[PDB]
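Taking the form deposited in one PDB entry, here's one chain by itself in structure tokens.
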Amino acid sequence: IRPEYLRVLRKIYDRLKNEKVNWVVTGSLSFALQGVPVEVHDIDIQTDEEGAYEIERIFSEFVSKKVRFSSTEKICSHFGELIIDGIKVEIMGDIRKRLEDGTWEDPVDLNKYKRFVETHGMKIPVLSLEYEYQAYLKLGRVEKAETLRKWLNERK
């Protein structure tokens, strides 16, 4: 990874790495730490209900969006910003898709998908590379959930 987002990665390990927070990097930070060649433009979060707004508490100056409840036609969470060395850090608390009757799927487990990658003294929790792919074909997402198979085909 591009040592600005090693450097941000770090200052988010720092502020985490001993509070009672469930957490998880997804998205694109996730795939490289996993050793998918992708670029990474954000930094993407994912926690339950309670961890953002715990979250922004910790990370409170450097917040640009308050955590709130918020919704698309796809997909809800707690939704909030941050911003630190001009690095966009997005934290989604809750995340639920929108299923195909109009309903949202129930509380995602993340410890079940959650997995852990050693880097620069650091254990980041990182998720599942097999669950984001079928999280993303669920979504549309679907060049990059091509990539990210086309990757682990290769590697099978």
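Each form is matched to the other, and the largest set of C-alpha atoms that superpose within 1.5 Å is called the rigid core. Positions refer to the first chain, counted from 1. First, how it differs from the form deposited in another entry.
Relative to the superposed core, residue 145 undergoes a Cα shift of 2 Å or more between the two forms.
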The other form holds:
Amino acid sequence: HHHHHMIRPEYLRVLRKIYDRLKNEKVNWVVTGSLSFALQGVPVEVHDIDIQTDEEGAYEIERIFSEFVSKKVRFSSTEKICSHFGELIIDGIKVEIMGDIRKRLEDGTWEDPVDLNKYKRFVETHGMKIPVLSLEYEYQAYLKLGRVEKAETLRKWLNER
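What's the form deposited in another entry like, now that we've got the form deposited in one PDB entry?
If you are looking for partners or other molecules, they are not here, because only the chain is given.
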């Protein structure tokens, strides 16, 4: 953990609550977003918890954490990214559930969702074996989001004309 950076205990507490209910379920899930970076030693503050999973996993997670569901899992799509998307709030912390995230391809097709198991690693942390997507994958994913943002920004700037 570069910089001996520590994840704020509120996030670890909620992560434990999530881990405890998923650990012995057949759910294909990973922590993604900032918490995945942090768990893998990148000193970044976490503000919410992102769980990426497959389509079935999103609905299973929602059911497992039914009392915490703030937004029902629904297939949700922009023109760029879609997923089976819902939200939990646990102890005031937002948990984004994203099942089978797919990115739009140049041709308008949707990429197949990632094989989470190609990139999943288990981080031993605070007595928990937490599945995360690899830093390499995460970095590449954010850089890709970045490209999308840049293209959209340029389009919007031009649209203002």
